Structures are given as structure tokens and as C-alpha cells.
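First, one chain by itself: the form deposited in one PDB entry, in C-alpha cells.
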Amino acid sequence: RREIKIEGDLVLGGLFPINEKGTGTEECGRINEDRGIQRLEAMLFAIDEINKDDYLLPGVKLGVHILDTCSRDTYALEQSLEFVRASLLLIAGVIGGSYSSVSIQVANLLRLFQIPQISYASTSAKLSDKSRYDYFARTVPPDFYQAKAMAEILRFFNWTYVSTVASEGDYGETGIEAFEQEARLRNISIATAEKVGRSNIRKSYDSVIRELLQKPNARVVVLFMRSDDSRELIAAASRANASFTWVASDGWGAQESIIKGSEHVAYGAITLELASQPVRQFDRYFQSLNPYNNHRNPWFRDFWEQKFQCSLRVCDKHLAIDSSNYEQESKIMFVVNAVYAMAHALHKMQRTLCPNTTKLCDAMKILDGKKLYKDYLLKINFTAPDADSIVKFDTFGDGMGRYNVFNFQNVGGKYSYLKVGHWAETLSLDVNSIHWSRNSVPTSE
């Protein structure tokens, strides 16, 4: 029964895809290093920082209850029952999840116990429906904007006949449906519309690649897809020696885990990811972690063994997370900001209900989740450790539509994602910086 239980005056729930979905039958698979472990650690880091902050909840120690979702909504629901068992360890708010289907499933349960929820990565436009997700907010924007951003990229390059591939579920389907409307407003025609996934209703990854090849004019393929699904499509494209210009949503983003080993078939890909700035203090914190000093994370040993491909053959005692094997996951800023958003809402309620103490007074011992959400959580602060670096929610509990545009390249022997553009109400690109095809040495034999 793996979890992180750290005692406090107020406890925050945490949900992270520590492990991937398991193959065939198994619930849990490999460790998700950057979107699982780093994010988990970014929450532990933010809590440690808040617990050292003299201006944010002094006298009110924040504890945690962090669980694995195994990248499955069904597994997340089971785990989320632990957060509500105390109403059937009391929970003040929940941080997570990542996948929109997980956040949706969790929200369906949490709203029944008036528990506020803040996601740091779920971008489904569905989650903006406050009549259904009345206790949900997020430091990230809805995919209404990402879809617009992608249609504007195609319109800019006159990619007027494209194919679409979407992951089944809450993220992919509504994301691509929004993209199809934006594309239609820009006289962009859709050649074929495919859906991928693990369910009984989905066609094969090879059948999807065959559908893309049956429209040879559509060389640009727009993807709104999970990471796990992006890998299976790339593998299928490889098997059929299919060549496409992939234009992918944040599900792919600037993740090297999707392209590693199949760099040639994803060359020249254009990807989006939410506009973020790395938390420098997090880099320091994360690089100091090892299996000998990190006692509070029960998944850290499995993470270490996977990351360094050894057993603790044998793991060298001086293996270290550093700039040679690590880069801050693009959405860490949102994790820290979500924990801080919850803490700021709690601090404000604390100062309103207990003005003559720093402590959790009698008037605030029984938390009013409804008031915490509506009267406090929709607040305003400058990010923790330009001009618009403020943490706030709109009327619908959403973040701002800001994205960075990336191009998958080969710099000088090394494959990476280079930032080539930005989207915030309008599209800005550095067209000269983009590489569209692999620079292969010609053959003459």
C-alpha cells in the first residue's frame, strides 16, 4: 500500500502519475520519471518551502497525503477513496491529477465532500464546466486556446489539407473537436480524422497509419494525444516507413521519452507545451535527492533503478541526478503554483476567521470547503521560488492561454526540442530557426 503520509495541521491530498498504465491486464507499469516522480517531488518541495515561509501560513503546518494514479482514471478513483474515508485523516484540498480523465474521475468524487481540487496539468475544456466540476480549479488553461494556437500554426504555413489523430478520452477528443472548428474557421480542410486508444472501440495503430497514408496530400498530421499513445503511433509510423510532419499538443510537448529510439520518424515535429519558466530552487532540491537521503518517497528506489538501469548491473553509490541526465519537466511551475494557490487560499481564510492568531482557531477547525473554494481559492499572488507572473484563476477556475512552440531537431549530433515560437492571443514564430527534414548524408553507390 504505497503512499506518502506527512502529518500537519492541514493536510493536502496529492495525485501524480508515478507509474505508467500497465500492459494487457496489470494496473501499473514502468515509473514515469519526469511527469510522475519530478512532479511528486515538486509538490514535496513546495510544501517544505511553505512550511519555512514566515508570510504564508506561519503557525499552520501543511501536511500531505500523496498517492499514485498509475496514469489510469479507474486506479485514481480507488486511491481517491482514501481522501474521503475520513468523511465516510481529514483532507483540506487536493493537488492533481495530470491526465484529464483522472482529474475528471477524482472531481466527480471530491465534489461530494466539498473538497477543492487544483490540477497542475489537466487541460480538457470539459473541466471548465462549473455546473459539473464546482470544486475544481487549475493553474493551467483549457484546450480551447491550444486548439486555436495549432490552427493558427497551420494557417501561417498554409497547411490547408491535414489529417488528425486523437487519443480517446477527455483530453484528445474535445481537444481535436475544438481544433476542427478553429481549422474550419481558417479554411483548413481535414483529410481524415482518426482516434487511438486501449478500448474495444478503437482501430489498430497500424490501421490508423494506413488511413494517414491513403491521403498522401496530407503530409501534416495534427495530434491531440496522450504521451503513451504518441509512442505507439510513432512505432506504427516507423513499421510502415511513413513520413509525416507531426503538429502535436502538450500531451507530446517537449518530451524526449516519446522520441527516444525513434528520432528519425519524428524529425521536424512541431510541438506545443504550456508557457512556463523553470523553478531554479527546484533544480537544486531535485538534484540533491538520492536513494540514501530520500526516505519519505517510497517510489524513489524504483525510479532510481529504472533511471540508471541498475539494481541497488549494480547501482554505483555515487550515481547523481544532474544537468547531464536531467532537465526540469516543463509543467513543474504549475505544480508549485497549484500547491501555493491552495496555501494562499488557506492563509486568507485563516486571516479572515482567526485574525488574532497564526494558528488554526476553533472557528476554522471544521473547514467549509464550499467557502474555501468560492470565497478564497479564486485569489491573486506573484509566483513563488516579465510583468504577468501572477497566479490567479478566471471566473471558470482556469489559467491563461499561453503556449511555447517547439521543433524537434538535431543541433550538432544531439537530438532536442528547440523553442521556435509562442502563442498568447496571437502567434509569434522564428521561422528561420525551424528544421523540417533530417539532414542525411546523400548516398551515391
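Numbering follows the first chain given and starts at 1. Residues that one form lacks are left out of the comparison. Between two forms, the rigid core is defined as the largest C-alpha subset superposing within 1.5 Å. What changes on going to the form deposited in another entry:
The listed residues are 400, 348, 371, 186, and the one at the hinge between rigid parts moving between the two forms turns out to be 400. A two-part rigid-body description fits the chain between the two forms; in it the smaller part is rotated by 26 degrees against the larger.
Listed in sequence order, the runs of at least 3 residues with C-alpha movement of 2 Å or more between the two forms, after fitting the core, are 146 to 198, 201 to 273, 379 to 385, 403 to 437.
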The other form holds:
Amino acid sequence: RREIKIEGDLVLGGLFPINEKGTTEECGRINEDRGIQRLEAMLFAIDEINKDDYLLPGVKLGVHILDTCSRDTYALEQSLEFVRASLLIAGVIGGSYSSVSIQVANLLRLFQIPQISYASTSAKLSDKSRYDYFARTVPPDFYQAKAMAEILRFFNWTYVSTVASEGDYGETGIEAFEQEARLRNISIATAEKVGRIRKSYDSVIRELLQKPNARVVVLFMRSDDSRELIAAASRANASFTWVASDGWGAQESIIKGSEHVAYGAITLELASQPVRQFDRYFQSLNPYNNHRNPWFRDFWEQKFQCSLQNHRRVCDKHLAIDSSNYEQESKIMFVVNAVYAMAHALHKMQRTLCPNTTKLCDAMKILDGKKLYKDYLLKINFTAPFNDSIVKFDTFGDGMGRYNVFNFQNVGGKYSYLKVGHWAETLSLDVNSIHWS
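Could the form deposited in another entry be shown next, to go alongside the form deposited in one PDB entry?
What follows is just the one chain, with no partners and no other molecules.
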């Protein structure tokens, strides 16, 4: 029922997991980082573009923002509002979960509405024919498989074993790693999978022990699966050199109480830099100055376990989002770059189709989505506005594969993940900073 509907000459649709997938109820609690923060980054980006005197000087961007409630079917129903509009919906920003972005993309292509996801990393969305109106500022996860294969090939690690989670993430990732290993003459000792139980991980650990020549284990697993496998490795006192995808990444929750077996592990994470101006914008928001966001009062009441309006404690008027209770969500840069990619494509389109004017001409009021996607959006190339990193898409509409390389080690009586490298198209490692086990 809730929405953010702001008028403009051109309107961008937005889809965010503002609320978690509910349990009795369809929608759960507010999602603070993937929902509120990401939605406010798109509003921040719109405000900035509208303020800019060089980008779309005569065209004001409006918005139509909706909650996906972290569910495919709910997001599809919401997306009908963007299709009914045929508000001048020029394109859609979102969603977050790949399963939501797949269903939205199946609908939007039918009405030729371009879509840019700032978070969906499934390999399926790369399909030029099935998702011919979809683009993304994030790279697909199959580039992690390529980056891991390139890390092994560098260290000449020719004999390895693999563990994968069940589902799109784990299966597609190890299937891509298997192919990337074959091309690099890397032989896979044993390939294990993990379904949806404590014993299951011990069966995998035992099966990994059956090939003692393969000291390197390559993981393409979800967070919970990664923690549980390292726990079973801890129980069996089985120490391996783990090479893992972002499912493990640089999360301290994974290695907690199992740092011996997990020592020297090589992990990947999506490389991103914070948007400093966003921290200032987000920390200044309060229930008194943020009337345009209809979810903000529930976000505030939930974040601070208080009531703004008697069994509930009254919100102290001096509460604030600040350094002690806030950290910029890892994908804020991708939200901002997605909105700017749409603006840059629209700007170039208006300049070509509306000669000798800055205003939105008739040729663009009857907007050709096919032209916008193929001839403008897929051909954008600009410097990220708050970074010199380039925003651009390949012919599949995929953003550039840039990952940080981490090494789990202890220096100065503290266990931390250390940034020991980066993968862009070529691997770059600071080898003399890596610890082994």
C-alpha cells in the first residue's frame, strides 16, 4: 500500500527489500541496510542529479518507489504499477535478491522497460535473449569462480577439492569453477555438495579427508553452510587451505571458535568504496525532517526499540543515526551508480532525439525502451560520481568483475581478515603478506 511517488518529466521505478519476507503475515520487520539505506541512496542520487546543471539540465527526474517485501510474487504484483503507467516510467532500479529481479525482468521486458539491478548477482540474468531489458552495476557471481581459478593457477595449485551449497548460488558457481579449472589444467579431486543437518558436514569433511593429496579446498557456499563446514572441520581437527567465494568473504561470524582449521584461508568479496557524501545525507535524516519516506517512522521505532507517539518507551527526541549505530551498506555505490547509469543513458538519448532543446520533446514522451536499452544504456561509459572508476556494461548488461582478496590471519594478538589482493580481469597479489595453514 505504501509508496514514494514523486512527479518529474521522467520517472524512475525503484524496488527495494524494505521489509523482510514475513512469517501469519506476508511482510516482516524493516530491513535497515538492504531496504531503508538502499532506498535512501536512490533518493540521494535523484536529488543530486536534479541539482546538477550539466546532467539532464531541462529534464527533472521523479520516482515511483515500492517494497518488494523480499518475495518474487509480491515484487511482480508491485511491478504491475510500473507497467500500468504506460507517470512516465522510463526505467526501473532494482531489485536486490536475484529471484525478485528474475520475475521483475520477465515482466518488464514485455513492455520494453529497461531495468538496472544494484545487487542481483545470479548468472541467469546475463542471458541476452531471456533478459534482454536487464542490466546491472554489480558483476555476476561467475566472475568469482574465474577469480578463484586464477588464484589457484598462480600458486600452481593443480590438485584441489570442491564443496558447494545446493541452489543457484553454490551449484552455478562450482559449475563455472569446474569449467574455469579445466581451461587452466586444474584437476578436481572430489566435488561435494551440501543440502538443507550437523552430520551432513562431517560426511563432507570425511569425504574431503579421503583425498589427502588435495590440501586446497575451493568453496562456493552460502554463509550458514560455510560456518557449519568450518565447524565440522574443527570437530574432525581437519586443517585445509580454504579458497572461498563471498558467501564466506571477510565475515568474522564464519571463523568464530574455529580459527585453527580456518587459518590462512583465501576469501573473495565484491570490491566497493563508500560514498562519503551519502554518510552525511543518511545521518541527517530524522522522523521530523523525512516526511517523503513513508517507511522511515517504522524504521526509527524498530532501530531504537521505542515509540514516536504506553507499554512502549517514548523515543528520546535526541536519538540520531550516527557513528555508534550506523555503517554504510556495502552496495550503496552500486545503487548510486545504477541511478546515474539510467540518468546518463537518458541524457544522451534526449541530446540525440531532441535537437536544439534541453527539454523532453515528443520523440521522447513516447519513449522507445528498446532504443534506450540497446543504443544508450548498454553504451554508457562515465566516471562514478562520488569515487577514477568507470561505470559501464558489457553486451550482456553486466557490470565489471572487481573483487578484493582476503587472507585470514593473526597479527598482534587479534584475528582479522587482511586485504592481500584484487581481481579485475588480472589477479594482483601482495604474496609476502599471505599466511598459510
